[PDB]
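We begin with a single chain expressed as structure tokens, specifically the form solved without the ligand.
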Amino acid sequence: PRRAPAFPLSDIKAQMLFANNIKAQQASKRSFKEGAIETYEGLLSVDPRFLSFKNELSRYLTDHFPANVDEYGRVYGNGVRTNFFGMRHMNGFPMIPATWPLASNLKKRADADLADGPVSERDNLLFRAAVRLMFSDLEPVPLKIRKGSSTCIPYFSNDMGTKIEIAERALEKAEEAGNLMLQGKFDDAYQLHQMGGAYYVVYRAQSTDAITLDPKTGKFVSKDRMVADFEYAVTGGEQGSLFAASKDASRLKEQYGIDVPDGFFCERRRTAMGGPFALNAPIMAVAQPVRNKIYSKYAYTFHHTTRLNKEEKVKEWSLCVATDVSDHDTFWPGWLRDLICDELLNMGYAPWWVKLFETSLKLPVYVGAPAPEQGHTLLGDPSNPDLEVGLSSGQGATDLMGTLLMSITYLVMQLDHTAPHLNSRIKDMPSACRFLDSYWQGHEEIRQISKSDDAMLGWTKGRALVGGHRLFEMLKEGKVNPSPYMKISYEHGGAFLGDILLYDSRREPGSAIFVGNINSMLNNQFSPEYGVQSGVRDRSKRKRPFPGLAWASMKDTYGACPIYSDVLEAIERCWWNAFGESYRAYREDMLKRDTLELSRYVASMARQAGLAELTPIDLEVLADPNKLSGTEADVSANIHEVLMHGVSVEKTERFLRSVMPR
């Protein structure tokens, strides 16, 4: 539908996206870059010994720990759900090329038989109900900011003091910018308060994507990842091409003189979009309050933390189906955006605010460098935001957006295939609301626990139960997509929020237990997404603040894995063969070192008083913060201080009062 506008960095429109400083300008022109990461201090992802280690362990662990997942994708036995070839990637060397991000996802949704709006009056009521229940009685709280993160367009600052002004000033001028926007003065809102502009594409890594070995030839094979080229992207796929990127890493010997072991591959790269802080702030200010309501009041379906916690919810179920949404963010419907906005307006949210929100989800995107000799292009015209790319990863409330979309979708699936005897309880907004409120609280024979594209669907004894099994069956045959909204299937080797649901011979939620995902321990330890950035002084700013700390939480996390100790033995053994050293030793040193270094940051920790008071999860997050966006409550207070910094509650309260319908 009408190719999207595109402009070269040279055009004033692009140029106007980066402040006249230094980062900023490097962000514009930054070019394609790849390179072996420093997995751990003084250890390169491609160090021969290391590769040799990866090569041996991968094969070993695979020959001795077959996956145990049944035809319904239920994982049993050893808890292993796939092979260990993920480690065979050359961390730091991305598949060429990355995909250009689609400017419109309408043809896509359509060509997938996905609805371009609620298909039924019932559904429409449900979605709206979710908006009402989610955005209703919020309580103001300070706007927390991640330490080290970038403000992006226009300034690209990593500096907290600055981030705090930017943010504070933003709430000051949010209303004025939104209004500017209501009148269509985009360029004005942007130039005056930097609210608008574009999203800044950055390509993140998937250091472990599927690899399989052909039993016949012994040759290895990596999952093919389709990618759109510019043409295809600026036309929403009506033109251009869609092909497989190349994960072949042979090029590495000839380009870097890097000896590449047989069966190793280039990493998969995911497109990530960093938002314009000025604009996300006013949005975040509402987002977190929303997270608190749902995490509190509808904690049944939305608040998960503790294998036990989760487990306890599932065991009560007669049937637990684990789903799988496909390419969720690219498919997320622009129409849900519009509806959410609509209802919000009806709830009486400040139109200017709704407008900002709306716009945050139509914004152009500046593509950096998806491959050599490629990129530095802005798709979409900021003067008037009209992109339809789905969920932009850097929008201030993308978790909420995916959840709102998905939760309802899941519910509708249950209604559709197993509980028509409930439709009568959803006859208007009021009933719709009461119904959903009940649903989300775990009080219906059809239950759900989820978080965006990750969820488990439940059935208790009741009429729906027989339907439940049919649905489960449908999903197994996988010949028909059960939702009119997204492409859903079952998780083969189902798991939720990282933990694996280990069934027993009974194969019923009743006697199932959540356990760590052994494959995740190895991925995490030998295929990290980021090096350790030893060159960065402030650790709180690093992607991996305290590597060593993981060792501490390890046993707590993966201890109940049926093969936990065997794996460790295996590692140790292979590490010896490759480094002539004790891997365990190594990690303990790192632990000690970090534990000390840690107190240099945390105050309520004597400059030698160590851990103890830390939760396995803190230990988990300090090692890697992308490990809990659950919230600033699932983590020790002294901890958030380490990784976040908030804006005055006084300031947000003032702000919120003006947005809230009341």
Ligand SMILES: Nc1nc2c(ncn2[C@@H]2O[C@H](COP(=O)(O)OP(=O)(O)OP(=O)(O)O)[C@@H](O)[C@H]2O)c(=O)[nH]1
The other form holds:
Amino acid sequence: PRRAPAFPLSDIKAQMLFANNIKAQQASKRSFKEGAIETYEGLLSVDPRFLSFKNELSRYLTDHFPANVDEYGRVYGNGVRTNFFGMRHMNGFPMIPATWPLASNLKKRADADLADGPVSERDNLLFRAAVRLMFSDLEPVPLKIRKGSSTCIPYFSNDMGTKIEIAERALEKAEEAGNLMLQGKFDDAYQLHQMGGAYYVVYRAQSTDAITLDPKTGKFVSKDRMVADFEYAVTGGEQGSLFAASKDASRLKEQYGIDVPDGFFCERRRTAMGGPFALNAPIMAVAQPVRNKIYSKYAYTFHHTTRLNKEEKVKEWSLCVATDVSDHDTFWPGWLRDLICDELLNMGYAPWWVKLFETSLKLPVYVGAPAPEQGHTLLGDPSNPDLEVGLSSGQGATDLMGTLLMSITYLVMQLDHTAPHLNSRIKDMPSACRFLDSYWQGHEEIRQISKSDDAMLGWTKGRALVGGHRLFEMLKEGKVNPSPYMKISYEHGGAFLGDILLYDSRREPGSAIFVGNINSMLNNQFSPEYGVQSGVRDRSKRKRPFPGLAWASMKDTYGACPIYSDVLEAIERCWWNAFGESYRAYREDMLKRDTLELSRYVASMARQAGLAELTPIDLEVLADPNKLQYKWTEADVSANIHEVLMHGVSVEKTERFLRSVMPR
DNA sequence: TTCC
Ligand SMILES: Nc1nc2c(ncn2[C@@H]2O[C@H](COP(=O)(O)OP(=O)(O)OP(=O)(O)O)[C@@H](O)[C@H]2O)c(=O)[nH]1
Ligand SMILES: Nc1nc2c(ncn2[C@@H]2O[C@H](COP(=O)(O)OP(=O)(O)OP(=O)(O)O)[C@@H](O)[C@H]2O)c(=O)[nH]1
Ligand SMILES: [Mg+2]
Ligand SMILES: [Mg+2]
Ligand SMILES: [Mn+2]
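In place of the form solved without the ligand, the structure of the form deposited with the ligand bound is requested.
Let us now look at the entire complex, which starts with that chain.
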């Protein structure tokens, strides 16, 4: 049923994805690589003392703090939703092999029994209403750019200077490029404006995955992660094969002579896509304004910040269901892409821009090196973009696409199983927009708070509430998928945006509170996703600019956790056994050092002014700028701090571009 | 060296 066209790096189609410069060329050639990460300055993830520490701490915590999650996934008690064996990984060493990204997910979706388009006219209206509400009255904003991020295909530059030029150029010729694409002249578009080509596969680490201890064997067991081989990938599942990547770390001994203590495994590898910047720029220029709108006007269901911010909304519900979507990104329906594009045209968006947007969502992917002796293959023909990979992470709006899909999906899941008496309110676009608008503002007896696949569905006192309970029960029994669109189920240990929803004996939304996830504190502090890159001189360009700062926001971020104090003590203790030092002291010094260093980057900061002026969010973002791409928004961060991490383009240049794009 |  149509196998995807594939080309070797030697092929001219692949060659053209990389500019005639060192960086680009190395990216294309880059072979498989692995190695211990520098968890903290001067400390390797595989250091014996460290692993030892990790072994004792994980075991002890898991033993003294077993999970407290009821038959309904509600977490009560100690707030622990699972064991602590997640830290038992050799950070820096991936499972082998990584997956080959699927060129088409149509079959994957069908076999999963998911619809190939809106199933009812209502649903069709709702999705289209979602588009109208989201992309309507948008205000221009400067186009911010992450510092030290790669522009990827074709240049692979990191120079903010070059990035800015690249972007500004894009906004100027985006229009001419799009028209080119409307004429089906993709190659011209790519050659003249670098808008097209492919996504460059980058492999992010999931430093902590499921690991269990078999009471029978006394042996540890790492959760299997299925991965598709090249055949499977190019045939959408028709041929080839799916299988568990190997997480066994024994190899480390024989290969690198690294001592591997029993019960430690290789890291899980998530695949990510680096989009061609010339293309994502014009998209990001619209995406941000869309973000601002829904985070403002529809803040009830979309703008979340503090544990209490969340708490307020959820407390007023009679029922709160914590949903969960499996492999959201690879399942994301191509039809939604096309629907959104069609509706945007209707709303009056420039055809060329919509074409750009559409193309960005069906572009080919260049696979680097999923494993030793593997990779360097371009999937899909750049000349005529026709892939269906679902959401492509590096695209300029993957969060909006995910939200647009899941928010409506959840609303529908509610209508379908709990509120048919509302169906009559949705008869046409107008009535639909009106309903959806009211709904997103939290003004109906059914509600939701969400971000892509993570969400909490609520029910106030009313007709729908008895239905909610049946739904939740359907989810518990889990034998029937409540949606025709994605595969939904309840989250075991319900949590939202990193905060666990803590129930008491009542087991009701009103007598509940949001607390940080304790395991996440552990994950972050001992299993970071990247090392400290002490080699990169510019800290603002590192994946972890100021690691030591996280200590300052810790009490704030996790203090509320039921076993906070206990864990800190357990750590302090085990760290002592392992290093003969105070962990507290260690982090305290790191803290002082980084606070001093930070001032060298923050203007307004006296060349030694404390963290007095900084907020907890500021600190967490400075230690992990990644969180700025999912947990928080530019608006939730101190202006002077956001400047350290991001750099923008003239509000004028974007404002002018945005004007030629929007309808009104 | 390698995404939002
Ligand atoms: N641009 C980008 N978005 C990411 C990245 N990682 C997670 N996301 C966001 O998170 C969503 C995917 O949710 P995850 O929980 O990470 O994974 P999943 O594919 O849904 O499935 P699980 O593996 O079962 O959790 C997407 O909608 C993205 O917007 C990443 O590296 N880059
Ligand atoms: N957009 C984005 N989201 C990320 C990224 N890393 C973690 N996340 C968020 O975290 C989710 C699962 O990714 P994990 O890395 O397992 O999460 P974690 O914060 O380490 O901890 P858990 O909540 O216990 O899974 C995603 O659904 C994202 O929303 C990242 O690089 N980009
Ligand atoms: Mg998920
Ligand atoms: Mg997840
Ligand atoms: Mn959740």
